[PDB]
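What follows is each chain in one-letter form.
Protein chains: 2
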Amino acid sequence: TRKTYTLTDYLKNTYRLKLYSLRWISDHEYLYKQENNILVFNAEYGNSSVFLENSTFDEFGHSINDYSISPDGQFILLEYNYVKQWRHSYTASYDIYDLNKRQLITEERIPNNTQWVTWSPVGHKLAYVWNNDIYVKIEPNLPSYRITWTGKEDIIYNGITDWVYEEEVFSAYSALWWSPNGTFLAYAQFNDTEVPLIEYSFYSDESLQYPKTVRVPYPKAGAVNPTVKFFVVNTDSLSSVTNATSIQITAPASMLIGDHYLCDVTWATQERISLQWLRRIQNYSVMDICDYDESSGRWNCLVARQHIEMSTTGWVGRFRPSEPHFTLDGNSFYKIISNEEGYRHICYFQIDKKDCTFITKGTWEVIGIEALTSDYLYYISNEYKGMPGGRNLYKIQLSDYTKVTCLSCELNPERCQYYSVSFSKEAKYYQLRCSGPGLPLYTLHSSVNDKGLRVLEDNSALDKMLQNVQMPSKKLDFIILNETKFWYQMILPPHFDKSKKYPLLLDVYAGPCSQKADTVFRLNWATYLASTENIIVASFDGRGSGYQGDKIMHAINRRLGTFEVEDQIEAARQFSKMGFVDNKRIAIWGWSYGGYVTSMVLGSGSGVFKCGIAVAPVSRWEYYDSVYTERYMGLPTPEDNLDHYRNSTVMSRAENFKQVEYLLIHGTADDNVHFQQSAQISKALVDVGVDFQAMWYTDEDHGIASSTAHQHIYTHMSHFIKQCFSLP
Amino acid sequence: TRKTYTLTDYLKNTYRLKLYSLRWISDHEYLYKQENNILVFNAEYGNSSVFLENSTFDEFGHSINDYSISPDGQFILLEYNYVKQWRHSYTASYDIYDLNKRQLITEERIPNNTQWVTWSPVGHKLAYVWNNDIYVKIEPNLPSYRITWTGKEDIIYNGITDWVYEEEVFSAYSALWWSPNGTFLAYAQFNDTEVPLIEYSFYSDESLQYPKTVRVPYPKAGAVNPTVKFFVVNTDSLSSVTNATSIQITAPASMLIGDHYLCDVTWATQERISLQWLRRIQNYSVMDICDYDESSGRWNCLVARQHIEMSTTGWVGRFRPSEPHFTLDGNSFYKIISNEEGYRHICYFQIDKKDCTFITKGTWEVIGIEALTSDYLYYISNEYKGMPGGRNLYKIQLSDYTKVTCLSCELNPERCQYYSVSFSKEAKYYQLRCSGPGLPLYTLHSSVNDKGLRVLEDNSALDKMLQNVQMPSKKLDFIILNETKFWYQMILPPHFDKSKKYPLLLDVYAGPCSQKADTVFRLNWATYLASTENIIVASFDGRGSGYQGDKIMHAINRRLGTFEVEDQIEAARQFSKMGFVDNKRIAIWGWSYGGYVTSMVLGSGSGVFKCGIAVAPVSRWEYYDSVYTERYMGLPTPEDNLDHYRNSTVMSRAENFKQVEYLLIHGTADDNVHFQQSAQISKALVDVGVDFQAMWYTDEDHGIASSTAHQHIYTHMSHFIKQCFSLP
Ligand SMILES: *[C@](O)(c1nnc(C(C)(C)C)o1)[C@@H]1C[C@H](F)CN1C(=O)CNC(C)(C)CO
Ligand SMILES: *[C@](O)(c1nnc(C(C)(C)C)o1)[C@@H]1C[C@H](F)CN1C(=O)CNC(C)(C)CO
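These protein sequence lines are chains A and B, in that order. Start counting the first sequence at 39; every next residue gets the next number (the deposited numbering). Start counting the second sequence at 39; every next residue gets the next number (the deposited numbering).
Think of the hints as simulated: they come from the structure by calculation, not from any bench. Any given hint might turn out to be false.
The list cannot tell twin chains apart, which means a pair is met if one copy fits it or any two copies do.
Using 20 Å as the maximum straight-line C-alpha spacing, the simulated EDC-like pairs for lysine to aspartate or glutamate come out as follows [claimed, not checked]: (1) 250 x 709; (2) 250 x 232; (3) 250 x 237; (4) 50 x 729; (5) 760 x 699; (6) 50 x 725; (7) 250 x 192; (8) 139 x 91; (9) 466 x 110.
Looking at chain A on its own, in the form it has when it is part of the complex:
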């Protein structure tokens, strides 16, 4: 009777989920765009004003990609001519509009092709990288002090990371951290010189007579890693006549003995900074706290203020040693680390005392520290109801670690179980982002007493619509293995009738510290598979997953492609027997790492899976980047972990692919997971004689995100599924 959620309704967005993005400018005011017109809001009463009429640059001349208003607000950065690079980088052109004299500054502007630009944390100082060199501008109109002169495309990187640091280390192109008030501009420096390059044809338009060869400095497992350096410079003291002096802050002694990385930078006080260094063998990292010696002009870091973070069960941190959170005075910070039972809780640190006193504990973890006042530390965790897939805001009274208060748990247990937050300047007010299991709910709150000012968004619209369409249902339950529970979720169809046999598709990622089984609400391909194709889509976080302790997450240390593969199978099998699933119709697909698990599984021999799609998979580990791979796999050497590197390969299981219908997809311009990886699978599948399906995607990346290529890649996949499950 009622329509179902169709693939068309997905690739098109017939049903758009409402958000509420606001940016706190003061400790009680945030900006919010509404109808291209940016308004300013008073978090208390909720009144607002037209900060910037949507018509202001009604004849700017260019399409304005994005805007950043200077800390004090006396200016508003203007981004255009945007051109995406990797996951976080891009080059764009800017323009600064003096929000006072209503003038689009013109004397001395930011060069075209600017790699990254940033205001100071206070006032209106700008900082930007162009041609790999850092430039500073005290005034929007005044020329700019070229801080560095080593910039040289693909070799030296000042203030911007390289391929590897941007992806696997700083999840950002940027690499320069202003100081609190904007006196010191710190910045990292990367020298890719002896780093091997990955090279791939790019075919551009249809007119490019000869395909171009994209060549990026990218280190693969065991390769030659990029070098790094940290410098700091006083922005207040820069001669227009002379060249800045950036004072280097060398890495420690245990860190310089071998290949290393700069894993995290954080300012403590207007004169103190803390640096965390990670060893190429990522089970050891050291945080330095450098103070500024007014006299010497240099920066000193008293080893008696040095701290160590290591691991005997695996690597350090979740994906990287967590960042610290200093007190106002800077004599102590709070930092998330794993206790002696393998969980990650919050630890209290005296900058010059060797031991840290955890303020939380239990068989749950801390997702992240979100706010630190003098009486409270607010954080997000999955403590509530013992479900690792739900997150909630809490606050612990710094003066009495037993007076914890969950500010979100009971807000609406039915609709909400997964929270995210935003705190204004001095954590005066805060917005709670409820993203599931029910439709998203955005609400603003105040710290003084945790009173719920008002509701900013409730997707009522969406809601009203979705009641005319048979949406699927979700079940988050679990299974006990070895007395340990591993969670899973199933997207069930409408009218799901347990007296029947529904084919099932296992949705897998199964990477390290991943979590595919949670409480969030989603409008995705599966919503369609479940709703229109009556296909149960599962997902399972088994040995390997995170947010549940090291015993599980580290379970795969050095053994990638083992237990997490075997555990996917297990759940399947177990599912395979629940009466409502048709064990002659069980598929499994994956993207990225999932594609890798999807592949390793289809090549397992389990005869549990009929078919399977692997998108942008990883064939073997020696083909991936160093930082990620080695973190979990170690070094590709006989003296280290070559056998498992060699054992972990998809290729060596090619012949087992004979008992499964398989589909391979990759985007020829993938800079993350090289086409080279699938390209290597298929050749192996051809030499053993297994027939299978394949499809490449010209010039698409690890995202196959271009619109047309997106609608096409799903349209192709569904067809592959329906054919496998024999659906009309």
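Guided by the hints, dock chain B with the ligands onto chain A, whose structure is given.
Same frame as chain A, but now just chain B with the ligands:
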């Protein structure tokens, strides 16, 4: 009740077709392998002795790829460590074995990596190329004299051709030529300095961590072509003076005005040589005839011995100007050219007279000249029975051109309609090679009387096995269009019932001067398709095809992607009318040029075809080599033929693929028809949202000939056809 000719039978070569490849080493003795051991047959009697016992090179310690015995029968060149490259090029290791002292020359040895070798056509001189440089050896066991010191990788080629000459002109790697008695050594030299480079990647073996990039000098339509220079060195005068000297021969100035190519190099006497020059605009070529001047020491080419050959309807020659065959005294030659009617025939030339005289004429074409003795000239043509898809040896008397005898026609008329021959050194003997339409037959004959000596291979053994298998039949008739008849051929299933409707797969090539319709017996994929899946398989030689006159071949000059396409469709429409063709099941599939027409045909919007397959097709002409693309397309400039270039891509007919089922397949290391070509097709379909089937082939070339891939590509295609025709 007998089994059919199955797909496996095709891939596994179960029904082996025999043959008899021999190499004349004299006027009465030829060499043949006969169970691993070169024998020496005597044509006059057939008796025979072991020339090279198979168990000779047993303790060699390498797998020999081929042997080359020196003209005098005094040595033998063992070739090993074979390493292919392009169509014909390849690199190897060599070793000479002194047949007489039955020993293996160990001093002054041929360099590993020799790109080319060649015995002098008399005695035992050796000239090999190694590192783009020529080297001569008067004695197998003495040092080499270097002939050229300009050799340089990917820049200057001496004695070997670059990519475009190796494929589109000479059809061979070797770019040197020995004089009749091997006193001189002529050789072309190529300079691809400013020739762009095609850059594709080669993933290698699974152990290659980083993908290699193949970069090769390749001139695409319109781009910068490689220039050429010709020289001749006297090999006998190397032992007396110092360094060697090479006398250069420069192309006539009618060529020097612009870009030009060297298309032919034919020695006429001991001191007379002909060269043929074609202009980048291949519709006008010239032939210089050059003598060796003993008093100047240089090569003199009298302009009065200059011959022009041009076409006003198209280009010159089938693919390139045909070659001459001089009479002993090198004062006159015979050469196939296009008469006044437009048919290719043997004209008679007096080196210093500009008008030649045809010695054959009519509405058929002489295929090639096979031998020229003092009394007769021998040629192959498709005259017999006015069947163009035919081939027969003919004899013409030089004293009386009215006295023509067809030496093969009536030998066995039902079994043999496609001949090919191999004359002895002076033409005293010859071997005819029946290639169909019955099973291939090889006989031997005496020239003096044209009486058949004996039978070499009659494939009786294969004929027995086949009695016990459902083989498909072949019909070769024609249809009529605009008064002109266009020949076709169908492969028909066993027990073909013209009262039934059979599904039809159109096999196509359509390239200019292509002949897909003929009387040749073959055991290929179609065999299986007709013998196992009861699918009628046809091919059509329409406008553009050759061997029927320039009025049919030159029909598409400057207009590729039109007539030959519009026609292939009509033929489908002609076939369906016949009444045993399932209009609902008609598919087309090509490869290379064919692949291009297949693709054009499905976007045609002709609603004629259901599904189709295009292996390694050309998508647009500007992505293809200049020598070939420009020969039928002109130059992609607006002053020339740009309009039709842009007006004949597959990419623009993307929206029309919606009405059919596509399947694009391409090797990723296709140096000939780059991957670039399908990657632009897919991207063009994906952009209009057209679903299709793809399948790439890691490191396969334009021949996807890898044993496993060969078996893979055909198995995968088989399935596509099956479902396309839901047989199953
Ligand atoms: C792959 O797993 C990948 N790419 N993006 C993603 C998610 C997390 C699904 C968005 O997964 C790819 C292949 C390896 F498995 C690791 N990897 C990465 O992209 C690594 N990148 C992050 C997101 C883990 C951190 O840079
Ligand atoms: C394509 O036609 C091709 N390559 N090999 C072959 C056959 C003869 C089927 C084995 O077809 C390809 C694309 C263009 F049509 C031209 N071309 C060539 O390889 C070059 N054409 C020749 C064969 C006339 C010269 O090498």
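Tested hints:
1. 250 x 709: both (14 Å within a copy, 15 Å between copies)
2. 250 x 232: Classified as between: cross-chain Cα gap 17 Å, same-chain 23 Å, threshold 20 Å.
3. 250 x 237: Both: 10 Å inside a copy, 8 Å across copies.
4. 50 x 729: This pair counts as between: shortest inter-copy Cα distance 17 Å, intra-copy 33 Å.
5. 760 x 699: Close inside one copy (13 Å) and across copies (17 Å); limit 20 Å.
6. 50 x 725: between (40 Å within a copy, 15 Å between copies)
7. 250 x 192: both (17 Å within a copy, 19 Å between copies)
8. 139 x 91: Classified as within: same-chain Cα gap 15 Å, cross-chain 99 Å, threshold 20 Å.
9. 466 x 110: within (18 Å within a copy, 101 Å between copies)
Every hint, counting from the list given before, is met by this structure.
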